[PDB]
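Colleague: Spelled out from the first residue to the last, the chains are:
2 protein chains.
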Amino acid sequence: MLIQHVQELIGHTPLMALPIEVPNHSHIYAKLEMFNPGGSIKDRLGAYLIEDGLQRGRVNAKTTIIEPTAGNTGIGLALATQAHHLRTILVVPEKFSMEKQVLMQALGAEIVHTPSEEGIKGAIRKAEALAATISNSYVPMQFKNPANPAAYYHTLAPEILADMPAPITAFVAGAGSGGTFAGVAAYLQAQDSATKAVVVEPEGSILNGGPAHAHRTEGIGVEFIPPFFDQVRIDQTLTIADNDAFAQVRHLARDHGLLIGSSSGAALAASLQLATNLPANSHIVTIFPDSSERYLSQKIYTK
Amino acid sequence: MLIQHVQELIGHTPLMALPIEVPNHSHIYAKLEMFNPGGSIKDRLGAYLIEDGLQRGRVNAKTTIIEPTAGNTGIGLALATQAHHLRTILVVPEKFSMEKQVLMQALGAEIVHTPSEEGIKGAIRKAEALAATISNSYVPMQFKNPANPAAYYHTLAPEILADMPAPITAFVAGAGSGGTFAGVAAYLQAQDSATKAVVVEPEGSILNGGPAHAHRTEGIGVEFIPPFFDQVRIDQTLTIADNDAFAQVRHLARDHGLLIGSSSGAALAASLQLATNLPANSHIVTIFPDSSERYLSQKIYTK
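Same order as they appear, the protein sequences are chains A and B. First residue of the first sequence: 1, per UniProt numbering; consecutive thereafter. First residue of the second sequence: 1, per UniProt numbering; consecutive thereafter.
Be aware that one or more of the hints could be misleading.
Pairs of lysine-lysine, DSS-like flavour, derived with a Cα cap of 30 Å [said to hold, decoys possible]: (1) B:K299 with A:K303; (2) B:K303 with A:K126; (3) A:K303 with B:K126; (4) A:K303 with B:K62; (5) B:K95 with A:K299; (6) B:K121 with B:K144; (7) B:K303 with A:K95; (8) B:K121 with B:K62; (9) B:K299 with A:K126; (10) A:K299 with B:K126; (11) B:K303 with A:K299; (12) B:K126 with B:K144; (13) B:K95 with A:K303; (14) A:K126 with A:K62; (15) B:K303 with A:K62; (16) A:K144 with A:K126; (17) A:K95 with B:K95; (18) B:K299 with A:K95; (19) A:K299 with B:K299; (20) A:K95 with A:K121; (21) B:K121 with B:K299.
Simulated from the structure, these hints should not be mistaken for laboratory data.
Working from the sequences, and respecting the hints, build out all of it.
Modeller: Set out below in structure tokens:
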């Protein structure tokens with residue numbers, strides 16, 4: 001309990017056996033990643049992306065770290081770069097996640113804005129363009145960098161097995177970049193090929209041949225199929241309505257004091273659904289990426 | 001790290017040896033209470049206040065808990081009442097802490113508003129009146145109930161000694177209700193009379209013969225003399241300008257990734273001040289009650 005840097009608090013997050021009603025007398029466990037010092041699972045990503053960059057000789061003491069982000073990655077990365085005294089520029093769409101931007105700046109990151117209408121795609125393009133005007137720079141590029149899934153494969157995944165009281169029937173996680181799901185699933189399946197890996201997507205994702213539109217659930221959603229899915233035997237993709245996600249957000253807070261983000265609600269709603277189609281007395285593990293407190297300005301507990 | 005309830009995460013918070021410049025080569029350690037499930041040190045108080053109410057035979061399964069609160073206590077209490085299935089009514093000034101009210105309601109508490117101009121004094125009066133209209137009710141009354149300092153005396157205080165690598169030269173804490181300071185100090189001093197107890201207050205409090213005005217530092221501040229101070233040998237009272245408190249908020253986040261509330265900044269500023277007048281190589285311990293994330297809607301990192 002005596003620490004010297006907030007970095008010591010990254011990882012080793014609680015695995016909570018949810019005291020809720022589950023179909024077929026089964027059980028759902030969730031990794032509470034909001035307890036990371038940065039408030040999200042991305043604290044793990046940032047640290048590893050920088051370590052990987054340093055290990056691959058792509059980063060040096062005076063290097064400028066440049067990364068396109070729509071949320072939590074900016075915070076997690078800023079935490080790690082500040083630990084390494086690395087200059088940081090984060091490219092984020094104009095009005096995306098206000099609270100996250102304040103945090104990104106409070107941690108020392110300098111922000112450059114790209115048009116909201118262009119989304120992450122625009123941010124990615126400007127990040128690359130800016131990298132071209134700065135000789136000593138590095139773009140982690142979270143959406144294509146294999147170090148992304150690798151970050152959870154060697155940390156989060158093993159932590160799950162160390163706390164589980166039984167074999168994992170199925171792993172369930174939402175996909176934004178797909179790093180979390182792909183990294184953990186690969187490790188879990190490598191340990192027990194029997195473990196089912198199920199990916200979750202919000203309203204309006206193309207991962208399940210659905211229509212491409214804007215969703216309420218913040219954090220997840222895929223434009224193009226993540227390249228990381230190669231190392232996983234995806235047994236099923238579930239699509240969750242915002243209605244269900246936010247209902248879970250409201251229910252978990254009201255009944256159990258769990259303040260989870262909308263993507264957490266989506267992961268729980270998906271886990272509950274999977275429970276109805278798996279053998280009884282099954283053990284399902286999911287991940288709660290961040291808190292709801294980071295979305296209070298978005299009336300997350302309303303309607 | 002398998003848990004079944006969020007309450008298992010209350011307490012046993014980290015003690016951080018701040019890696020910052022301290023006068024006279026001394027050292028400042030801070031209890032990071034924002035890592036409690038409810039986001040603040042009040043998770044400790046809520047639990048204890050309800051346990052104490054049950055033990056004194058003042059609360060039964062059907063009792064309606066009614067408490068006047070202008071912040072985190074409402075959250076910490078709602079968490080505790082939830083665990084015991086206790087109906088909860090929180091009386092809070094109209095526009096006091098937007099973010100905190102959302103959480104209070106998300107956790108199942110029913111809120112009753114009192115005019116903002118009346119302050120906590122108004123909420124207290126209404127809490128007692130409401131109590132008078134409900135036969136089976138209980139008013140913890142955090143401002144007068146000795147179970148308040150008791151909450152920290154038996155948990156937080158011992159936790160500090162268990163992590164301290166050396167004897168505590170001075171203990172520093174901000175006083176709102178005075179519970180945290182009085183409870184911890186009384187325990188530390190009981191263990192070692194040599195330990196100095198120092199109270200901190202935002203500019204505009206009576207604790208130091210100062211005037212009476214509103215301050216930017218949220219969560220702390222004294223109207224009348226807290227009754228809890230009788231169990232402490234207060235060695236000094238420090239008044240901190242808002243400019244100093246918020247400076248520390250900005251600095252700790254920018255340099256160390258520590259997202260702290262304004263009252264935390266005031267406590268660090270006081271601790272740094274104390275360091276300049278204590279022998280060299282001294283060991284100072286203080287408390288960081290909550291995070292800054294809970295004040296993003298108030299431009300806590302601005303100006």
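Colleague: Quick one: which hint numbers does this structure break? Sort them smallest to largest.
Modeller: No numbers; nothing is violated.
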